[PDB]
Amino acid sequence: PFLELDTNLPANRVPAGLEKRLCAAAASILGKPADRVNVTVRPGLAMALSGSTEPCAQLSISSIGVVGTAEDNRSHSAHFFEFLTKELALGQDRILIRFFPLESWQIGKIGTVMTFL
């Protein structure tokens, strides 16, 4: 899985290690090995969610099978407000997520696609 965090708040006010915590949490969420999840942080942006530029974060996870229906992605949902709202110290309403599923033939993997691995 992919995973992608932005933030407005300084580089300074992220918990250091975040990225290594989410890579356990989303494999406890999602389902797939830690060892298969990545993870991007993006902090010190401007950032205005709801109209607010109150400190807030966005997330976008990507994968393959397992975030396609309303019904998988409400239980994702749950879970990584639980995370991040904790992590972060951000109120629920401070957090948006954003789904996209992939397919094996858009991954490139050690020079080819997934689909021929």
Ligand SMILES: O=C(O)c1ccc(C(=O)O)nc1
Second form
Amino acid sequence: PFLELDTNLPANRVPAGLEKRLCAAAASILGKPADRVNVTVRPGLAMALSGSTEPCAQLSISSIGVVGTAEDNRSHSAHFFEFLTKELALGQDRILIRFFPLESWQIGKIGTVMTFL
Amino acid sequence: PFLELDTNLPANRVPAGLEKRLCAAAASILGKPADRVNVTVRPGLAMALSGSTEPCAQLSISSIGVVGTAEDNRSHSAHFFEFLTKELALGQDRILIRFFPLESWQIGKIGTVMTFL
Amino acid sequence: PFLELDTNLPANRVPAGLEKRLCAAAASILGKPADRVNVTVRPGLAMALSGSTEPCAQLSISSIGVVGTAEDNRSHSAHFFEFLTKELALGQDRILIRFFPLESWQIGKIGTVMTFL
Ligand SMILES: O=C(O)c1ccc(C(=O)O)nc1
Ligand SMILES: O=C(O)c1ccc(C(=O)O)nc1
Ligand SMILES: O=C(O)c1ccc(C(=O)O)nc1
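Output block for the form deposited with ligand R3K bound, input the form solved without ligand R3K:
Complete assembly follows, chain above in first position.
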């Protein structure tokens, strides 16, 4: 899975090791191995969420097969909100998630695409 | 109900009173009175969870009738996770639960088995 | 949470399963488990809302901890209006909400009160 987390929390208000703990969390939530989880955290940004500049965070989640239905994404959302509200000390009104299905021909790995691996 | 909690948190990082609070919580969650709840806490163990020796806990829950279905246990799990995350200051990736149905002929109580009470 | 919805819509103009979908929405909005959400719908009543007998609904919401501030209730209101206007086919002017904090000693469950659970 590919996870990108944008936040207006400064780096020194994002707990040490979050990018590693999000690999374990995404592995369990999405049912793919932790060694196939990719996380990017971009702290210190200027953000408004629901019109408000109080501390907040945005997560994008991309994967083949498992983020393409409302019913699957409902379950995924519940678990990611539980994890991130606690880690970032944010209320559930201060986080939003977007889910993006991917296909194998879009993923460039070791100089080819996943279609040929 | 019968609850057994193993943790690699030392005893002095397990909050005082956890046993009676877990009796009350198990009454709320499983529906059987607090005075029928049995709790065993084993702290200071050497543990790995998901391959990692960071602080963690395992809970076993055994009961007649109420821990035997996926839909029952999904609900029970959500509540026991919320209870333990708060009490032990652990993330939900650092807790696992196992559920075990029991029958009356397996429970020895006051020198007989529950079949005869 | 405890939700009570009065409406002058006849029962056959309240969509089938509304009490179930409002349960799930209220769990999300209030940040409480769905197996702790209670919904009561009372249709076919004689009602005036804002002085008018046109189709309308009144919602009451009661919960520990999460319905006691203006800022929290503004957030909750926005989501409940978005849900109910669509489900009941009512304009924003035809719904009102009241929020009521509860305490643990007020809630009777399994023959005791939540103070002891
Ligand atoms: O090879 C990549 O790391 C990779 C490729 C695919 C997926 C995925 O579908 O989630 N995740 C990671
Ligand atoms: O008498 C015991 O304490 C007892 C016996 C049975 C059960 C139970 O099925 O949950 N719990 C407790
Ligand atoms: O455990 C009960 O069912 C319960 C307890 C509390 C609340 C509540 O605060 O809204 N709702 C339900």
